[PDB]
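Only one chain is included here, represented as structure tokens and corresponding to the form deposited in one PDB entry.
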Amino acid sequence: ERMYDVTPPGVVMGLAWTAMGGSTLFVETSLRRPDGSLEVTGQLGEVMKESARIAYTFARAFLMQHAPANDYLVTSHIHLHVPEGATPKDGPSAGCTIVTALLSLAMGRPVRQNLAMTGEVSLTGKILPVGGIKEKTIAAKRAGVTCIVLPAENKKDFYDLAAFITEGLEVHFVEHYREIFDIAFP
């Protein structure tokens, strides 16, 4: 019950919400070898555009430590898109999602399947709490997500849900992006 059954490299499942409830969505990225650049589409608001800029800066620094020979994030012209195209989107909570998509694309490695994540990323890779955890978790469960990555400071929201919703979910409460990296790329 979602746009991708199997995600290719550069595609990651995120989580959103409104007053009506949660939903899943996908961050898509692609690149062409020609300093690189990042072009963003998907009717993104300013806060979400800034989060893409932070994620891009941090992903470049993270990849330089983890794979110094990989120059894809420093030299390529990268495009990031969040379908559906006509739907307005905003907020900082896809920061981790965007970092992961860029690293996935640069490494040519898909992320673990049936994984979704939500979490704001700071410039140094700290993972900050987000809103809508109850709604997002319900939406993840309905979409068949079995592994969900959440900010550690949102534990209380997760445990406000009835047990039958969260039972057997592999839940990871994280404080730093490097924990997310190890989950997405085992």
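Residue numbers count along the first chain shown, from 1. Throughout, rigid core stands for the largest set of C-alpha atoms superposing within 1.5 Å between the two forms. Compared with the form deposited in another entry:
Once the rigid core is used as the reference frame, the Cα position of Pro83 differs between the two forms by 2 Å or more.
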Second form
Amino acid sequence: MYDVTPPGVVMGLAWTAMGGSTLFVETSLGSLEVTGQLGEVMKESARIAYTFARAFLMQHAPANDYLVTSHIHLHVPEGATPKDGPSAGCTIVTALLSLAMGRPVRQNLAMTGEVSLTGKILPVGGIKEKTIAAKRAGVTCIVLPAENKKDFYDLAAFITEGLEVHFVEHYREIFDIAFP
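Form deposited in one PDB entry done; form deposited in another entry now:
No partners, no molecules, just the chain.
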């Protein structure tokens, strides 16, 4: 649904009932409100992402108040299985911060991964489906949790060769890649 992402839009990768998709998580204009309507599971996954994103912005740019003050809107497209919903977690943080800083995310980036309150990156599933979806969407850098590593190299070489892959353990690491 985008070629060059505006501020607050991050390509995440989703595991659907038929296969893999590339879904744009969106944030626009303290509160967070969330549409695409998921069940409470998404909602909490979002409030932990929301609180990690707030603290991260306090620590990175003590200066910036946008997250702690604004009335933000989170949109997560419907299509992900229930179980896959929180793996948008690192995509949700990235959008908040991309809004917060009025700064678009790096072009050609996709990520998946659950985030914890302190910011640990948790493994997810649908590695294949998602990695296939980044390829078809023409992404060339992909970011994945560190215990999903095997899962990445278990895929065909056709899928993986060419791909700039990062395996992360903590959010901060994703933050650098998305934001030079």
